[PDB]
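Here the structure of chain A is known, so what remains is to put chain B in place on it, guided by the hints.
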Amino acid sequence: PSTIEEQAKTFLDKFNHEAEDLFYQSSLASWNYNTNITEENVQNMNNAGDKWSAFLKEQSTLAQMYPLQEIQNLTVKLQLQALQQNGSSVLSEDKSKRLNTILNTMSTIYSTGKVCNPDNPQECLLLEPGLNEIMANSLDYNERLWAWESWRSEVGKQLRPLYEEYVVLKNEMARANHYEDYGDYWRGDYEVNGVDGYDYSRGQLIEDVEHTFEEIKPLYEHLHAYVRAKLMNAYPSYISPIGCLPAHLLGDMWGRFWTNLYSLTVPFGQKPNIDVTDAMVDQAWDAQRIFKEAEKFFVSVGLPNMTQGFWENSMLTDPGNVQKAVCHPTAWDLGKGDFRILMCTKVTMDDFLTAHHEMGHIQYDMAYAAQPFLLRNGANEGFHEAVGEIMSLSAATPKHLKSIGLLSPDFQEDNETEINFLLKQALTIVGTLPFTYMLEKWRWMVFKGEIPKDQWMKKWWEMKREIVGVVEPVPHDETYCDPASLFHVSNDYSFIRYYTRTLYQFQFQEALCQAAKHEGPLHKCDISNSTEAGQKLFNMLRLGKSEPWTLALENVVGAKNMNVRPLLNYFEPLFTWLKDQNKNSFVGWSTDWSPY
Amino acid sequence: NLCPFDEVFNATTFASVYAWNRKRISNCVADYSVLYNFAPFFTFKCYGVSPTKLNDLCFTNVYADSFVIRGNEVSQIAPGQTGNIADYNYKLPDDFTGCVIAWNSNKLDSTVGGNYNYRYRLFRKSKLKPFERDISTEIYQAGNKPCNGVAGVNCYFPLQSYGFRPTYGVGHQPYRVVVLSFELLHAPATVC
Numbered sequence: 018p019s020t021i022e023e024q025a026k027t028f029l030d031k032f033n034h035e036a037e038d039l040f041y042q043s044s045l046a047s048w049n050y051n052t053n054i055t056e057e058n059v060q061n062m063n064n065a066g067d068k069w070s071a072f073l074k075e076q077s078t079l080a081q082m083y084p085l086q087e088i089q090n091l092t093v094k095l096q097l098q099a100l101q102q103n104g105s106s107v108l109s110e111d112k113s114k115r116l117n118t119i120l121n122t123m124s125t126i127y128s129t130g131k132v133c134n135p136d137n138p139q140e141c142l143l144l145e146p147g148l149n150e151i152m153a154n155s156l157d158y159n160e161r162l163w164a165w166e167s168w169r170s171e172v173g174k175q176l177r178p179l180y181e182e183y184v185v186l187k188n189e190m191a192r193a194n195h196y197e198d199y200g201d202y203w204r205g206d207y208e209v210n211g212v213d214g215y216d217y218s219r220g221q222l223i224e225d226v227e228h229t230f231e232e233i234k235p236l237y238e239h240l241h242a243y244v245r246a247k248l249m250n251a252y253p254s255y256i257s258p259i260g261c262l263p264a265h266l267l268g269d270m271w272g273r274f275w276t277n278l279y280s281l282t283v284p285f286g287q288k289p290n291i292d293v294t295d296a297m298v299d300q301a302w303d304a305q306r307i308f309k310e311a312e313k314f315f316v317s318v319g320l321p322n323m324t325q326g327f328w329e330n331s332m333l334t335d336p337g338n339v340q341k342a343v344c345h346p347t348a349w350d351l352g353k354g355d356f357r358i359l360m361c362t363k364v365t366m367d368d369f370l371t372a373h374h375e376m377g378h379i380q381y382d383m384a385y386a387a388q389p390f391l392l393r394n395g396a397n398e399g400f401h402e403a404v405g406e407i408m409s410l411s412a413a414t415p416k417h418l419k420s421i422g423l424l425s426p427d428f429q430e431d432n433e434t435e436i437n438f439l440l441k442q443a444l445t446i447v448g449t450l451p452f453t454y455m456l457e458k459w460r461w462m463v464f465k466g467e468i469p470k471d472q473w474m475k476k477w478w479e480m481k482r483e484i485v486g487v488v489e490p491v492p493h494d495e496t497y498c499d500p501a502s503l504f505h506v507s508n509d510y511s512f513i514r515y516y517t518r519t520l521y522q523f524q525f526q527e528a529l530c531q532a533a534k535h536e537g538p539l540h541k542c543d544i545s546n547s548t549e550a551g552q553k554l555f556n557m558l559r560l561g562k563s564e565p566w567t568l569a570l571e572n573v574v575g576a577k578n579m580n581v582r583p584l585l586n587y588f589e590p591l592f593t594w595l596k597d598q599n600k601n602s603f604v605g606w607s608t609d610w611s612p613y
Numbered sequence: 334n335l336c337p338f339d340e341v342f343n344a345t346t347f348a349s350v351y352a353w354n355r356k357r358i359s360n361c362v363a364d365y366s367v368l369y370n371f372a373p374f375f376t377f378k379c380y381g382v383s384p385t386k387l388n389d390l391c392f393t394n395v396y397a398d399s400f401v402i403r404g405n406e407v408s409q410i411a412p413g414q415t416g417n418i419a420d421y422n423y424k425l426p427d428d429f430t431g432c433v434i435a436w437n438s439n440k441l442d443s444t445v446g447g448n449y450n451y452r453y454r455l456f457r458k459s460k461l462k463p464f465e466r467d468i469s470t471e472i473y474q475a476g477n478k479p480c481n482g483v484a485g486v487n488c489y490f491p492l493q494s495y496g497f498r499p500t501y502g503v504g505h506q507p508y509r510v511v512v513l514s515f516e517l518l519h520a521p522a523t524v525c
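In the order they appear, the protein sequences are chains A and B.
For the first sequence, the residue numbers in the entry's author numbering are 18 to 613.
For the second sequence, the residue numbers in the entry's author numbering are 334 to 525.
To be clear, the hints were calculated from the coordinates, so they are not data collected in a lab.
Treat the hints with care, since some could be wrong.
Restricting the straight-line Cα-Cα distance to at most 30 Å, the calculated cross-link-like pairs of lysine-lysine (DSSO-like) are [stated by the list, open to error]:
1. A:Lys174 <-> A:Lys465
2. B:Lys424 <-> A:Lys26
3. A:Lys94 <-> B:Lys478
Chain A extracted, bound-state conformation:
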């Protein structure tokens, strides 16, 4: 007897038990390092992590010995294939070492790249923070031009040949693992097979993204015309009223987020933005009260409260002078019932929203905990951060801020500040969608081999001009590699997660607000006190990744496919207001322009 399926269940049981212990070891080591930067904890973290890595590699070999061909329980088959991923080990050991050397080399070039001003060969400035504040707080076109070109010259020129060989080796790696290129490997995250009615080819991702972006284009054109107008005011002789926006003027080194330009593009400058930070500091509000209010929100929708492990083992304030710790807000699921949040909370509204966002991460973790270890995660690469953002958006609504007391009982909105809020929100959210699409498309076509190498630094900008609507301030030969200058491109991170997450979070929020019976514009909906939206979200959160992403999407928003319509339905008021304010502006742009 002893069918293969039974044997695989036994193996997976042994794994799900010993793994949990080792993952807890490594998670707790990482936590003690990030809450106390001492070399000893550093070493213990590295040791625990390498031991966990060896365990997973060995178990991966032993699981690959099982045959996915003869297993008829998907809940088992998914865990098996997930551990079966052989990875870069299929490459020649020499080639594997070369690839990993290139990865760490480019990452260290990025994290150790600096531009030395010709003003003083002794003085220099790194990406973080010198160049970043130069590109995010200055208006002098000449300085910003220098910084853009300097970081793309000293760093990108170096990252070029390494990324070339990187393309070669990653292509070989994915071809071995039976993927048409490394881009196919990246797109295989949304791959669903063997479940009729919910399967999703690895190219249906491409089609759905392109078609949804077609539906997004108009809002981005009017936002581009309006932003071009305000910037044309800012810089009196540097952008064509029909031309692509320049690069070193977009708000950051790459132009991925236009949020900074808010200071120069606010529709009604006299109308101040809503910030309760002072009100918080003046009502004895402590970080304790911040996280208690977060707990209260997630409780009011129905979800459970934070376990006492969170209220006792989490660092919710900066430790002090003696200790040194990471402060990037992180959600930690160490497993075995231990959930924590690392955040150096300050009494500001930003940290209030971020606390809700990270506690939404935590609630999602708590829900998918009953599942097996391999199946403890988000439905895809963009589900988590989307959940966190729907928490932030439900919070920021003036209705919610009124309810919690951080707002007056009769604070009456004004259409001008709703325009400002929607405009800031669109500068961040809507502005980054074309950037993400363009960059990920460049990588995708490069991995397919459609873009010859000698035409790399060319095609990029063409797409940059034809999709993003941005012109290069300077002509670049192929000795450059401005792509690689982003943190995600040289550090080998799939990108499309953010585009997806955006569309996801808006679909989620609209469905939940439907369950919560909110009327009016979508940006004013608060899921607070609504038990039904909580139950629906939990029906999605509990599944983790035991069922396909399409099924969880249907469990919340009520559909099997991605759809931009919730996002546009959220930003429609701003869309009308843009169209109005751009009546006397050309909407669109022209490739031809270029300050050279």
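Here is chain B on its own, set in the frame of chain A:
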């Protein structure tokens, strides 16, 4: 006119499930308040016999079992459950007329770095039966192949270690459990 109610309930050496300790105590008749002054101790199921019905007329012999377990699995120390501690480590009968008492030992049984001494069996080629004990430490043959009496594919060590660390959540924290069997078969109220 003598009773021990401090030896099994107040001991820093609790046994694991695969070796569920059983100590017997006769000619006793101790009261209930001795076992009703120890904080909340989760919730104590007392099947058949009603908790506050000790007094004097009661059973004869008694076999008191003691072991440890994560609190996720306390519901399994009960008649009918089919969880891992039940059908593979410790099975309670369906006619059970004894009692169950559980509390937390995160304060003492769990240790930093892992009190792996406390363990439990997870693989057994058969189901267990009421009040049965198995201490076998023999490789578990799982798939059709004459297991070479050694570890390997479809051949796993039948006992996994709990290994407690105090930071675990209540579910994975170390609960301590004690069951109080009862029997009044042809004898003069041995206890009573």
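Under the constraints set out in the numbered hints, which ones does this structure not fulfil? none
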